[PDB]
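Chemist: One-letter residues, chain by chain:
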Amino acid sequence: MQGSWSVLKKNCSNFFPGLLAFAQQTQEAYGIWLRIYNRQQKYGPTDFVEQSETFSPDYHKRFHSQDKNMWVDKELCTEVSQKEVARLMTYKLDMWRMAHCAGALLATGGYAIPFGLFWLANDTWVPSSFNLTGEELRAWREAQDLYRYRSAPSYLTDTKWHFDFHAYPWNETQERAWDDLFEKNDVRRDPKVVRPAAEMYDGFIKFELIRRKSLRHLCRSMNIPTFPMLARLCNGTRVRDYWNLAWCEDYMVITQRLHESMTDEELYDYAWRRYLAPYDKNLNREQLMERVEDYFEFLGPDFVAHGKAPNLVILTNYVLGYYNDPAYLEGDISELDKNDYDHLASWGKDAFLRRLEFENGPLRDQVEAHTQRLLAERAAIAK
Amino acid sequence: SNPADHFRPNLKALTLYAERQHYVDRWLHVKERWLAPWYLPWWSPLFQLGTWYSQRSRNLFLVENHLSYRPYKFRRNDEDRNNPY
Amino acid sequence: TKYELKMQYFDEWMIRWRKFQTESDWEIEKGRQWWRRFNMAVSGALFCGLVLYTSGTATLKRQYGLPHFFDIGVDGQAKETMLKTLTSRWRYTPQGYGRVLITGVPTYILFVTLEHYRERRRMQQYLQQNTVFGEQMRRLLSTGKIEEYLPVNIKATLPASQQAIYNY
Amino acid sequence: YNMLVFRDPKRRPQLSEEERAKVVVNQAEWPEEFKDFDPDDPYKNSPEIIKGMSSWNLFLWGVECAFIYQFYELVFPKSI
Amino acid sequence: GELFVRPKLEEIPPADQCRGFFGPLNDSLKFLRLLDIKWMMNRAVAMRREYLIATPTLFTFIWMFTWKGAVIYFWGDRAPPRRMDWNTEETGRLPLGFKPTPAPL
Amino acid sequence: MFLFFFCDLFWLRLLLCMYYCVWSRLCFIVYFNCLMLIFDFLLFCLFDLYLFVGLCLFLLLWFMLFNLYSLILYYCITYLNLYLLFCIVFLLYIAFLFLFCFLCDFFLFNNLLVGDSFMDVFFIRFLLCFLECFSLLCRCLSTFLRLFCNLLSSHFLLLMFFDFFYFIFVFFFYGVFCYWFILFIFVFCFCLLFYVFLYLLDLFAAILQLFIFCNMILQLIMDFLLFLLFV
Amino acid sequence: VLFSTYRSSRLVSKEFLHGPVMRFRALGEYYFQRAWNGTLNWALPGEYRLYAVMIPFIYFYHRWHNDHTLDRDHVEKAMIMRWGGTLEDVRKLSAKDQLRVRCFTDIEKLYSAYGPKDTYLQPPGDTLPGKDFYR
Amino acid sequence: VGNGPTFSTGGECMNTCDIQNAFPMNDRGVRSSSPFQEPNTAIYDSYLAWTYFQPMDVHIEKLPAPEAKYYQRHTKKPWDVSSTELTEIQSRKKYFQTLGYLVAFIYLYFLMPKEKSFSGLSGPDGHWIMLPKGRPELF
Amino acid sequence: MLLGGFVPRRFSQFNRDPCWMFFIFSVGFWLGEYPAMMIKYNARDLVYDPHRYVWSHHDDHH
Ligand SMILES: CCCCCCCCCCCCCCCCCC(=O)OC[C@H](COP(=O)([O-])OCC(O)COP(=O)([O-])OC[C@@H](COC(=O)CCCCCCCCCCCCCCCCC)OC(=O)CCCCCCCCCCCCCCCCC)OC(=O)CCCCCCCCCCCCCCCCC
Ligand SMILES: CCCCCCCCCCCCCCCCCC(=O)OC[C@H](COP(=O)([O-])OCC(O)COP(=O)([O-])OC[C@@H](COC(=O)CCCCCCCCCCCCCCCCC)OC(=O)CCCCCCCCCCCCCCCCC)OC(=O)CCCCCCCCCCCCCCCCC
Ligand SMILES: CCCCCCCCCCCCCCCCCC(=O)OC[C@H](COP(=O)([O-])OCC(O)COP(=O)([O-])OC[C@@H](COC(=O)CCCCCCCCCCCCCCCCC)OC(=O)CCCCCCCCCCCCCCCCC)OC(=O)CCCCCCCCCCCCCCCCC
Ligand SMILES: CCCCCCCCCCCCCCCCCC(=O)OC[C@H](COP(=O)([O-])OCC(O)COP(=O)([O-])OC[C@@H](COC(=O)CCCCCCCCCCCCCCCCC)OC(=O)CCCCCCCCCCCCCCCCC)OC(=O)CCCCCCCCCCCCCCCCC
Ligand SMILES: CCCCCCCCCCCCCCCCCC(=O)OC[C@H](COP(=O)([O-])OCC(O)COP(=O)([O-])OC[C@@H](COC(=O)CCCCCCCCCCCCCCCCC)OC(=O)CCCCCCCCCCCCCCCCC)OC(=O)CCCCCCCCCCCCCCCCC
Ligand SMILES: CCCCCCCCCCCCCCCCCC(=O)OC[C@H](COP(=O)([O-])OCC(O)COP(=O)([O-])OC[C@@H](COC(=O)CCCCCCCCCCCCCCCCC)OC(=O)CCCCCCCCCCCCCCCCC)OC(=O)CCCCCCCCCCCCCCCCC
Ligand SMILES: CCCCCCCCCCCCO[C@@H]1O[C@H](CO)[C@@H](O[C@H]2O[C@H](CO)[C@@H](O)[C@H](O)[C@H]2O)[C@H](O)[C@H]1O
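Protein chains in written order, with the authors' numbering: chain E, 1 to 383; chain Q, 14 to 98; chain J, 2 to 169; chain P, 26 to 105; chain K, 20 to 124; chain A, 1 to 231; chain F, 2 to 136; chain N, 18 to 156; chain R, 1 to 62.
For the record, the hints were derived by calculation from the structure and aren't laboratory data.
We put the CB at the ideal spot given by N, CA and C, even for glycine.
Keep in mind that the hints are not guaranteed to be accurate.
Sample of chain F residues facing chain N (criterion: CB under 10 Å; computed from the structure) [said to hold, decoys possible]:
1. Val13
2. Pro21
3. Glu30
4. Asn38
5. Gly39
6. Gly47
7. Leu51
8. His63
9. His69
10. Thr70
11. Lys78
12. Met80
13. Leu88
Chain E extracted, bound-state conformation:
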């Protein structure tokens, strides 16, 4: 979304109430995170707690391993509720953007004020706490959805093009899964059909091998600030933390069937945090439930059985495929009755163009026959 004066007024008016709300949310989220962190350190696997190192096979660069460096706490419901996890995720997003802004302020002193004016004029990078009414929150969510729409197609195209240019699927089922994974959101993708793409891509690029440019696209699509990007293991850490929390909440919901009892607005928020349900689509409860159930089915039985989710790259592509709208087409078909090169009509045809029309026109066969006969006669005379 572009900056506007109305949004600037909105954010300037709600600046200090927003900061106070952010501070209160910071205290609450620190409590929630402290509970989760203590539980992770106490009951987590040895590899997860010790932060086992996984290096790439080409340049031996460390990155998070989905199997070892991510852990789904199946018994987190005892200590932390689903709503608390959602609160922590939302606060993590807000805190990341606030932290980048605070870093800019500290770095540049008082010269960041005009950039702050640019910042408050847009809802893309302001915290959710700056909205004190429903309409303001709706506009803020619209800005977030617009940024997701702007960023997701590049991520999807990067993944698809690199794989298709450097590799191909092994079998027909993988071919169908790969082709159906990147369909536009106007058609419904069957998660059972699309799941094999996860293993196929695990053969190609696991989350531990994700490239820095692809990571930048993904973080843009997830509303995660990317400047300064720095090493890929910083925003990668952010992505890992966010999706680890999401998977913990998903296990809680699947096991306890909370989504069925979840209300309409809370269900919409739950889908939105999974990048499944844009607010501009005006989805009803039926559509939200369908998308959430498809997401759970994509996670698969192994997620509940062992807490192992499919490949994170393919999962992110699948969920962000809901922001891959059909390419726009505006204008009546009658516009195809016009002409594009009327401005050249005055120039006419030169000698070469006339020759080409004569040789390749409706009389082309006659000209070809005459030319070949003449050449044959000349060749015979020469011999």
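Got chain E sorted already, so can you dock chains Q, J, P, K, A, F, N and R with the ligands onto it with the hints?
Modeler: Just chains Q, J, P, K, A, F, N and R with the ligands now, kept in the frame of chain E:
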């Protein structure tokens, strides 16, 4: 000689001259003007980026104790090898 | 207080008029260089300590575990001692932006603070000097402007073989 | 054919000999510009851009411009 | 060229097998391993840690090709002259009777 | 000292604006190998191995607009300076080298230590490593030197031959009306033949030199690329 | 909020200067947008007539610049140095004399390395002025 | 028929290109110069072969106009600029750039004098800038 | 790339295309400037500068 003279830029328009002292001083004045305000604390990365490297280089110049002679950078004639002055 | 903005003009003038640099001023600058190196060393030590403290347990086990390059016996003993010391207690081991901040911000703050106060120390040292450079420093802090050609105005001392110019 | 390094493009035949032999040529339908069409000289009957302006006339125009360029200062010299 | 796989802990030969400039620096000579550069090179090759030999070299070259080369060329100290112009340490001091300005207070 | 001057491409910039306001397909590229680095399928690289395509294309266009059109008399190669070419090659080569070095993967340099464990490390392998590290920088220097020297020599030869042809054509054409006309006609025909040969040689050499210039940079990149196999 | 980062923020109407722009595009497209106009790296087109037109034009304007701006400096230097060492001394000559001097400079250029060397080397016994004539 | 251009080919022969399968083949065996179906495509042989398509008057059974619902997609975004609009913008920009470059070329090669002339009749000899002013203490 | 375009078969056809008309005009200039130089610089009344030995570029570049 004459063939060698063909290999020169053909669209020279204007040449301007400025002493190193003068524009260095002007740049320092600009830097002081922009780094002076109170709302830019001395501990900010911007201020240190502006000042620390320059201070370090000037200190290195001052500490220099060379046994050889370095001819003045901006002499009128630096083409004579047997005349450093 | 921002001493660098005042001192840049003085340093440039000293470079331009370095002929009148007494051995005392040279010693002052050498001390400044030594203190800069010391500040770099201590800041680097702090950065290394913070990096080691925040390092992951598996990372430490790999780094301070077998094999031994030299295998003298002291090497293994030292590595085991450090590994046990680090892995005994609980350590906050952040990753990503967090480790960057924890390892860097203290280092930057320490280095900048030490350098700034050493710059103040050098300004005081030049204020206390009884040479033409010290007089220029005092005049700079008084009038706020650098007075070039000061050494030849107040007739600062010259070698016995170069006093003819002052002969007026 | 060629004019220095510029070679005249030639259309590749598309018909086979059997199909080609069955084609009936009727030059009455052809444009007047291309009658008795010759691949070795397709522009023999092509109209001139300017009526009465020959190629030799243009060549001579350039020669005269060169002579003017070299001889004008001989008749109307100017001071430094 | 091809992918590099680090050796396992069991695939690394013992330190006693490594050779120095003259011969192995075994017991009673272990502390000489620190000083023998060739022994360290052979040990690094044995442990597949060849980068310890290659990384310092290339970087050094880069450091010379990029930053120190020009510094030496433009600001280096040339060889001193035969007849040397030492400093008499007479310049700089204020003249007699001069009233220096007061220091800040 | 600040000299204000302009490049000799203003008419070509005008033509580019006129002829490329609308899109056109490009199917002929001087250095096509920057687009096809991998020839065996199922091989892929996690490094940004196609980052050089844009710079390669722009460099080819710029150097072609200068070098190829310099065959027209009085056309100036504005950048023809040894140290300026050094700056250009320094930018490209050192930028890619620093891209590989910022990766902080020291194992990438394992191949610098030439040979196998059988060869003596200090007296053979280490000296080969020294020579190879020297050879990287020498490759940079040779690239820029080759580009400079080829242009300089070609244009010197063209200028000298053109001067000779002008001299004989202007001051000895009267022999056509004399009894030694056959000698002048022989010399004139030889001069025409040498003229055509020199122009063709320069046209070929310019494109070949640009190809080699881009090939050196791509070789630097390829020396440090590692390819994974899809499974 | 002050300036848009998107090219879609239009500053003029779609029909602003439509006619002149269409004429300009017609001039550009007629010869260039053709199948046989396949360029080599955007620099060398396939159409012959583009060469036939642009090589002469480039040579013409470059030659005019060289003759009237670059070689004129050498010509004026020769005139000044050989006829007094000052501009006023040259201006004391008539236009015809200056024409003669400039054409002799052209002669020297055309010989260059192959002409006779008596154009600049004074043979012994020659009665013409030497280098110390004006000194 | 008109004199307008067609889908650009880049001077390539589609019967031997690396993406030849993307170009339909007609009855005569000549692959099209475009994604469209072409009945009269030909190949010309200069130093290199190149495919050419000659526009002609041909009637095609026109399926009736569909409803706007089944082909219009109203997913336009503020950042989106259509190809037609981009062509318009670039045409105007390049027109103005061409005029400016023309003026620059005329001035450079026909009006601008070269600096530092021997006679001093044309061009500047250079001068100093950034000289101090109102700083008596500087001297 | 030299792929195609109008190519006159002989001299007389250069007037069948405006671009080749300009080309043949330019060729006329190119080839006709040489005879003019022959006439001008091999003239009977052309006289070498009497002061040609006062100064030469050979002095200056040496
Ligand atoms: C005065 C001097 C200033 C120096 C100059 C500074 C120049 C600017 C540089 C930036 C400085 C920081 C700016 C503020 C950031 C906000 C605080 C913070 O860390 O937020 C958490 C957040 C953590 O991010 P993450 O990715 O989640 O971290 C992964 C970890 O695993 C996360 O760990 P976890 O997953 O286990 O979860 C823990 C989490 C759990 O907590 C929670 O969930 C609760 C929430 C806690 C965080 C709340 C943050 C709120 C941020 C907004 C604040 C309000 C702004 C209001 C603005 C308007 C004001 C009117 O709690 C944390 O986030 C803790 C993180 C670790 C602490 C980092 C702080 C270390 C530095 C401070 C100590 C310095 C002592 C000096 C001693 C001197 C000795 C000589 O920080 C960020 O978002 C990162 C900053 C983003 C900008 C980066 C810019 C480049 C930085 C380069 C620095 C290089 C070194 C310095 C030299 C530079 C020279 C060029
Ligand atoms: C009170 C408040 C509360 C307290 C404070 C709180 C903290 C606040 C601070 C933190 C806020 C963070 C969030 C900020 C968000 C907004 C950022 C932004 O700018 O958005 C674009 C923003 C609009 O954003 P938007 O409309 O919302 O669209 C956002 C979209 O999402 C589009 O988004 P997008 O992603 O597409 O846009 C991104 C775009 C952002 O960029 C832009 O959009 C560019 C903006 C500038 C465009 C200028 C165009 C106009 C130019 C005019 C030229 C002059 C004309 C003639 C004037 C004549 C005057 C007489 O690109 C980038 O991100 C590129 C980043 C580049 C980073 C560069 C890093 C360099 C590092 C150097 C190398 C170091 C290496 C290491 C070396 C180590 C050595 C040891 O742009 C503007 O509004 C343009 C303003 C133009 C102002 C006028 C022209 C300049 C005037 C200069 C005056 C100078 C006076 C002094 C002169 C003295 C002479 C001696
Ligand atoms: C046709 C002609 C037109 C005119 C042309 C003009 C001439 C241009 C010629 C040359 C242009 C190219 C130059 C390239 C240089 C090399 C760049 C390079 O090596 O980059 C490496 C690398 C590449 O960047 P990246 O992070 O990978 O991603 C860049 C993408 O663009 C990120 O994209 P993304 O999509 O991932 O993220 C989008 C979005 C994502 O949104 C977010 O992330 C949320 C918002 C983030 C807010 C910022 C947070 C910052 C946190 C702390 C950063 C570290 C501070 C370090 C300490 C301070 C040092 C000063 O981020 C933003 O929207 C960024 C907004 C930034 C707006 C400012 C852009 C510059 C406009 C000019 C303003 C300054 C004018 C000064 C001169 C005039 C003075 C009178 O850069 C970094 O690592 C970033 C380090 C940043 C350090 C701070 C800046 C250092 C430079 C000195 C600053 C001086 C300030 C002066 C203040 C006023 C004094 C009077
Ligand atoms: C990650 C990047 C990877 C990609 C790389 C890409 C590029 C290619 C690579 C190659 C580079 C290409 C070049 C590009 C241009 C870059 C700029 C450039 O070249 O500028 C040079 C440029 C050269 O200076 P210059 O401008 O030419 O002026 C010359 C003057 O000397 C200037 O004077 P100054 O006043 O500025 O002071 C400078 C001072 C700099 O040094 C200092 O200030 C003092 C020392 C600083 C230490 C820093 C911390 C180190 C760690 C501390 C301890 C940690 C452990 C703690 C726990 C211990 C527990 C036991 O150096 C000296 O003057 C020499 C003093 C040496 C004293 C030696 C006394 C004798 C005893 C010690 C040695 C012998 C020991 C024998 C033991 C035998 C045992 C059997 O700048 C400098 O080098 C000096 C300023 C910067 C200093 C930074 C200090 C940190 C360096 C990094 C250390 C850590 C990383 C390395 C190890 C990594 C291991 C994995
Ligand atoms: C205006 C301010 C200006 C600032 C200037 C200072 C520079 C910029 C400041 C910072 C800017 C912001 C961004 C920085 C880069 C961010 C990198 C990043 O994203 O890291 C993420 C990463 C977080 O990811 P993670 O998963 O938690 O951990 C990384 C993984 O392990 C990763 O796993 P992995 O698999 O990748 O493991 C590999 C990893 C393993 O390493 C690590 O990741 C561990 C952390 C680094 C350890 C480095 C120390 C190694 C030991 C040094 C021993 C030295 C002994 C010397 C003794 C001398 C005795 C005489 O990397 C390495 O192996 C690289 C080792 C370093 C090699 C250095 C080679 C240098 C060659 C020198 C050539 C010659 C130079 C010139 C000549 C000099 C002499 C004449 O962050 C870190 O690990 C630490 C980041 C620290 C950031 C820098 C803090 C800056 C503080 C500045 C203080 C001083 C200020 C001075 C101001 C002056 C006035 C203005
Ligand atoms: C004291 C005497 C004066 C001089 C003062 C100088 C002060 C210097 C300060 C100290 C600087 C130290 C460092 C110097 C380093 C120099 C290095 C260098 O030259 O490298 C070679 C290098 C050669 O580059 P290049 O390859 O030739 O390409 C650059 C070209 O500009 C072409 O590149 P491009 O085509 O890619 O450029 C983009 C181009 C894209 O194409 C275009 O836009 C086409 C137009 C091209 C224009 C630019 C080419 C200029 C051609 C020659 C001049 C044209 C005729 C001027 C007539 C003058 C008559 C006296 O767009 C533009 O140029 C944008 C500007 C368009 C302006 C349009 C104005 C329309 C006005 C309409 C008014 C209507 C009023 C109606 C009223 C009605 C009332 C009823 O130069 C540069 O890269 C640029 C160096 C500039 C350095 C900064 C200098 C400071 C700024 C000085 C401005 C002075 C303004 C005041 C003058 C007033 C008249 C006396
Ligand atoms: C957080 C750290 C805070 C540190 C606070 C201060 C700690 C106590 C003082 C430390 C010791 C200071 O003592 C320091 O000795 C060194 C010599 O070794 C002196 O240095 C002197 O001799 C060295 C000898 O090589 C010269 O290079 C140098 O130019 C000269 O100044 C310093 O001028 C003095 O400051």
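Chemist: Using Cβ atoms only, decide whether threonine 70 of chain F comes closer than 10 Å to chain N, and label the hint accordingly.
Modeler: With a minimum Cβ separation of about 5 Å from chain N (threshold 10 Å), the hint on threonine 70 of chain F holds.
Chemist: Does the nearest C-beta of chain N fall within a distance shorter than 10 Å of the C-beta of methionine 80 of chain F?
Modeler: At about 9 Å, which falls below the 10 Å cut-off, the nearest Cβ of chain N leaves the hint on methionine 80 of chain F intact, so it holds.
Chemist: So, as I understand it, the hint says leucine 88 of chain F touches chain N; can you test that by seeing if any CB pair is closer than 10 Å?
Modeler: 6 Å, holds
Chemist: Are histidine 69 of chain F and chain N close enough, Cβ to Cβ, to be under 10 Å, as the hint says?
Modeler: 8 Å, holds
Chemist: Can you verify the interface hint for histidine 63 of chain F: is its Cβ closer than 10 Å to any Cβ in chain N?
Modeler: OK, holds: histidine 63 of chain F within 10 Å of chain N, min 8 Å.
Chemist: Let's test the interface hint: is any C-beta of chain N closer than 10 Å to that of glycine 47 of chain F?
Modeler: Since the shortest Cβ distance to chain N is 5 Å, the answer is holds.
Chemist: Using the nearest Cβ pair, does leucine 51 of chain F come within less than 10 Å of chain N?
Modeler: This hint is violated: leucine 51 of chain F lies away from chain N, its Cβ roughly 13 Å from the closest one there, beyond 10 Å.
Chemist: Next item in the hint list is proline 21 of chain F. Is there a CB on chain N closer than 10 Å to its CB?
Modeler: For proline 21 of chain F, the interface hint holds, since the closest Cβ of chain N sits about 7 Å away, which is under 10 Å.
Chemist: Min Cβ distance, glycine 39 of chain F to chain N: is it shorter than 10 Å?
Modeler: 2 Å, holds
Chemist: Does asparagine 38 of chain F pass the interface check with chain N, least Cβ-Cβ distance below 10 Å?
Modeler: Hint on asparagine 38 of chain F: holds, closest Cβ of chain N at ~7 Å, below 10 Å.
Chemist: Does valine 13 of chain F pass the interface check with chain N, least Cβ-Cβ distance below 10 Å?
Modeler: With a closest approach of 8 Å, the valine 13 of chain F hint holds.
Chemist: Holds or violated: the hint that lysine 78 of chain F contacts chain N, with Cβ atoms closer than 10 Å.
Modeler: Since chain N brings a Cβ to about 4 Å from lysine 78 of chain F, closer than 10 Å, the hint holds.
The structure fails to meet hint 7 from the earlier list, while all remaining hints are met.
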